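Here the complex is missing one protein chain, while the rest keep their positions.
Chain IDs A, B and C follow the sequence of writing; residue 1 opens each chain.
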Amino acid sequence: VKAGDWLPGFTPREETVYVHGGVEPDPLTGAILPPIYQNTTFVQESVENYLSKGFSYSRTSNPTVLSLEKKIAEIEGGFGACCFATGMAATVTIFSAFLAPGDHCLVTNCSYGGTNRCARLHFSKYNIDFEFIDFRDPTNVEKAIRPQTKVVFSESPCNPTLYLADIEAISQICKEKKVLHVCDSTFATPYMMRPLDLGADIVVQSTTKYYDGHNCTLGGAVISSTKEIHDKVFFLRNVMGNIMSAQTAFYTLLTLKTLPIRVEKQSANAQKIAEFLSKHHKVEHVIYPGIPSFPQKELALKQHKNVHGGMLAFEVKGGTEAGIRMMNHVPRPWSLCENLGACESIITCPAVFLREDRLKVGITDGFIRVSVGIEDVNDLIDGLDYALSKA
Amino acid sequence: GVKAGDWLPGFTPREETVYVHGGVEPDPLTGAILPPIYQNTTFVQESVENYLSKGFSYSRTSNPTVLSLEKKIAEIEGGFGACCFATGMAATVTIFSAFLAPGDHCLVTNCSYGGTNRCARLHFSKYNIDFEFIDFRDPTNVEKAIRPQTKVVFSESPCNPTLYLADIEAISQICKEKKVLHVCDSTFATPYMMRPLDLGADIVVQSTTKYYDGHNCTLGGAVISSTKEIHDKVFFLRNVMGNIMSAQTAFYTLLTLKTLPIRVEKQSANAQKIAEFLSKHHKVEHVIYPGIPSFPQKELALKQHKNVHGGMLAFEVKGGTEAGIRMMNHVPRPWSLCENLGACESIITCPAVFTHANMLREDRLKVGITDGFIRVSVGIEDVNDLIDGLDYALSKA
Amino acid sequence: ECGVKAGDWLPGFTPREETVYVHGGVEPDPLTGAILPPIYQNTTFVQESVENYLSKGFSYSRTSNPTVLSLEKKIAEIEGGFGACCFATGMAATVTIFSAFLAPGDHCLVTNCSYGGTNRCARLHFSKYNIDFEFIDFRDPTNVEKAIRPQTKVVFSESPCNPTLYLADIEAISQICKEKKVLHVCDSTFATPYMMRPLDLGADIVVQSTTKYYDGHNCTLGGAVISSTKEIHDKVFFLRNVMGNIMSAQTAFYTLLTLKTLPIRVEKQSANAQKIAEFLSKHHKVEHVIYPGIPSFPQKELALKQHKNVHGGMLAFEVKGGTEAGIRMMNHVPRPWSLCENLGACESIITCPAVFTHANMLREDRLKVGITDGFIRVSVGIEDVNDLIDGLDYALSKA
Partner (left out) sequence: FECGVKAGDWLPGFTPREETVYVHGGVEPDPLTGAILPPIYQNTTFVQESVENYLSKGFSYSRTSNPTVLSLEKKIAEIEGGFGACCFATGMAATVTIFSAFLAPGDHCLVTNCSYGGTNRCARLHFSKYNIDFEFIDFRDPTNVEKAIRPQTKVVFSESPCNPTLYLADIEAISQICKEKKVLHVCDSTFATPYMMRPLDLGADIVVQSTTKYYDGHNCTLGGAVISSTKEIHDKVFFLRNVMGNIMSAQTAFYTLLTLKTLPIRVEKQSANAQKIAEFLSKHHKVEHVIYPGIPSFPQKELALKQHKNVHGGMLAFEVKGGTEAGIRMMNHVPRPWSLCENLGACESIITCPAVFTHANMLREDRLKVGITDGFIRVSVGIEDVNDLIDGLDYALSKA
């Protein structure tokens, strides 16, 4: 083999896949990065050679988006991947493809609020029955499955309570029951957990959070384990017109190269911050998979690779008013906003951004979600200490 | 005392002024004449109490650049509001997802855009929604087919690719009398030639990919709503389905929309000349263009078309499918053999051999797509080069 | 006849003007068929071997880039030159000209009412290199003939001039410089190739600020040097690599998009400008109007000989009442007008050089370069001309 070739029998290791996976220099010019195909249509050789070069119209497929999809499928370990404008678009495409009137769908009751509301308020009007259950015990999944059940939709770790779901056990249950297991691994990243290695049928990802990790783009990704699922997803994406654009795909191809080192820094910072918070006299409870008080420490040790993530949560003593004061006084470098998984550490209120339906979802009084970034951990802890001084 | 930066109080801007400036003012912070690109996911909040005080939180729900474009588009189309989407298909599917439910009936023109038709029949009907495809050239047919289950009447004019016209005013009168939502896709028309919201339509769907862009650069869609209620439901469902337009695409479209009037004027003058040339060419059987006397709906065209008759035309070659294939395989530069329309670059397509090549012949003659039908999207090149290329190609058929 | 197929031009085809603006120097992407050139937003290019170094034509984006190269071939075709080199700004292009073709002890003739950037560039920077710049009247070519020295290497003309709209006979000056064997460089930013191509008229080098009409949307900055011979082009290319002022791929993509509508943009701008100049010429508050399309124009013979299709989107006038009247007018110019510094855009722009850009310079020099006290520069856009005239009328009512 010569320059530009991978060694025969090569299995690139993880970080190599994040830097190089599924992307090669441009054949025409040798450009080390994939050029941006900011372009609607593609000229055909003739009528008989329609699609001979692989492209026709950017709503159906785009070369930059295709390069990103190949990289994403390689990173998550699936057959194929389809990229979308947003993570909600990926979720909605899954629900549109695999649910018909009369079908049943099991969802984790602490899913992302957008997923829950899109199921509850929109798709329910098509006479699809969504049942929200506790995924912490896989036996609940096994006993709630009906003959009409098509999709089991898990999420691990959960937004924002950080509950874990045993992806391997749930997937075994679903294979025995012949139902599609879809897993939302946005909080974990493939660097900490790949549900496809654990038997899941589909992975859904909001690339907005960690794939980007720069507060730059929006994006979604559906990673399919087989060709049939992938082809159904691709067809429906073309039908619904929610494909990701070439510029976003270029941004994400760039940002994905640093996901491992970013997540390593974020999870080290998060470990230190969780320990600090767990020894703080104004903090009632701290949720982080890496500290011994984590209720699902056994599952986290079984399921998490490399790290325990940049996401944590905590409750301030005194409830809603103390939490609101603290968040109103959290100083820079923190940012009080709605995203997560970025270089910029973010602090959020889930509720104030009915308590009867929220206390059942785990978001109790004074629940604070923390997305740790890559700043100096001491500056972050200084800001947190000052903010807690106002609680 | 009107000063620099203000509009004169009682002076409504005219059309081209609206296309250049509509709904976009210089950046308050810096004075930037173009609004900056908010290539940015999230927006910092001043406090928990002052949530959304500056109007933004998350770009999937709303983005400042996208919002500027939406204000310009709503101004140009003459509606209350607008929501911009990643594609035109996204906008159409958002309409269908918002206003249809199992058991409802929806009327669509049988010569709709292929994507609209395929989206209805292969996806939404699995939700037990009945889509009936009737001929919209006679509004009394729409008046007949409306039932108590009917919720949406989906018209298109001019139609892709047959350029059939629908009388938006008469159809809107019908739907208003019958209390049913009239949605019109005027992508082929552009707001410069026809504004369905002026003609009584309740919703307009646009694929900004075509003429709003006009440069083969971006994908995009738009839903322009006549009332606050329709706009609010479209906005909510767009946030739910995550198919909003990107900020970079919105910037591109804000740039290209400024030249839509002159672009469409050049394209339509070129198209008139090309249609006349084709109509007096011996290897051409039929020519379809609203601006030549042989157009079957000349009365409606003169009634509801403004300024121009469009850059789209169509024609049939003598000898049918094989002759059309030969000709299209021999259409030289400056022409492009591809799938888009409405761009500065002139484009030749065969919907029977490219878009509906997998479709059977028996049902493609019902869409009016004869085999040998050729869709022409005229660009802004010198019309003599375009005619020379067409003549060379026709010599091969 | 022939047997060319789709994607081919007819044999020996010479595209007409507008066709060159839409398609010139750009073919679909050979790899994918993409109708537009993809953006090569990347720094370095991988080589397949030591032997095949540069075999695919690219190594490093500072030296050259595929998107920039597409734009450069298009611009060379549009201006009718051998080659083109694209730069980050128009001033970058001009500075590269001056850096390449002047040395200590050399003489260079510049039009006295040149653009302020070129004048400042020569007087405040390059003069330090013992290059002697002389600023003369270019409205009479015999002035150019009489000012040429044995040490002269460059004659830098500009037509129409920024902002006086003075013209220069590019053909006669080109004849003079050919006779005495000195390089003729011409800045035709204000004209655009759609109105005047100096290389057609015997110029050796054309300099363009693509920021203005090439862009025409107030979006990007950019410059271009178009060379009539391979030797000049190679010198410019080498120095552009040395100085690191190449245009970026994103800017090149923007300009490739915007250039496609320059003909229709300029047609609309010039029709609007003709109507606006005719309106202002009759105006109570207006002292003079300067536009090549009205009989008032002093150099109308040269304009009719030298201008193709249009007389441009630029005009200028003088408000009666001096600097205070100018200031009142500017302070009350309403939308759709904009009070700013660019020109050639779809958005109509208006400004007064004496109180904004040239406020620091002494009145004697302003009058020396023809910029009177009430001088107003007007870049006409593509808005409805009636709204523009209404705005001008109100602003003048406050004068």
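In this text, a contact is a pair of C-beta atoms (placed from the backbone, for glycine too) under 8 Å apart; a residue touches a chain by one contact, two chains touch by 3 or more.
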Contact partner of the left-out chain, one of C:4, C:10, C:31 or C:46: C:46
Candidates A:70, A:177 or A:257 - the one touching the absent chain: A:257
Touching residues on chain B - with respect to the absent chain: 3-5, 26-34, 36-47, 54-56, 64, 251
Missing-partner contacts on chain C, residue numbers: 41-51, 53, 59-62, 87-95, 99, 103-104, 117, 120-121, 124-125, 128-130, 211, 215, 218-221, 223, 239, 242-246, 248, 250-251, 327, 330-331, 338-342, 345, 349, 352, 355-356, 359
Those residues of chain A which, in the complete complex, touch the missing chain: 1-7, 10, 12-16, 19-20, 25, 30, 32-33, 214-216, 254-255, 257-258, 260-262, 264-265, 327-337, 339, 343-344, 373-376, 378-379, 382-383, 386, 389
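Operating definition for what follows: only the chains that are shown with their structure count from here on.
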Contact-richer chain pair (by C-beta pairs counted) among A-B and A-C: A-B
Whole-Å gap separating chain A and chain B, where each centre is the average of the chain's CA atoms: 35
Between chain A and chain C, centroid-to-centroid distance (C-alpha), Å: 50
Contacts with 2+ other chains: residues of chain C: 5-7, 28, 33, 35-36
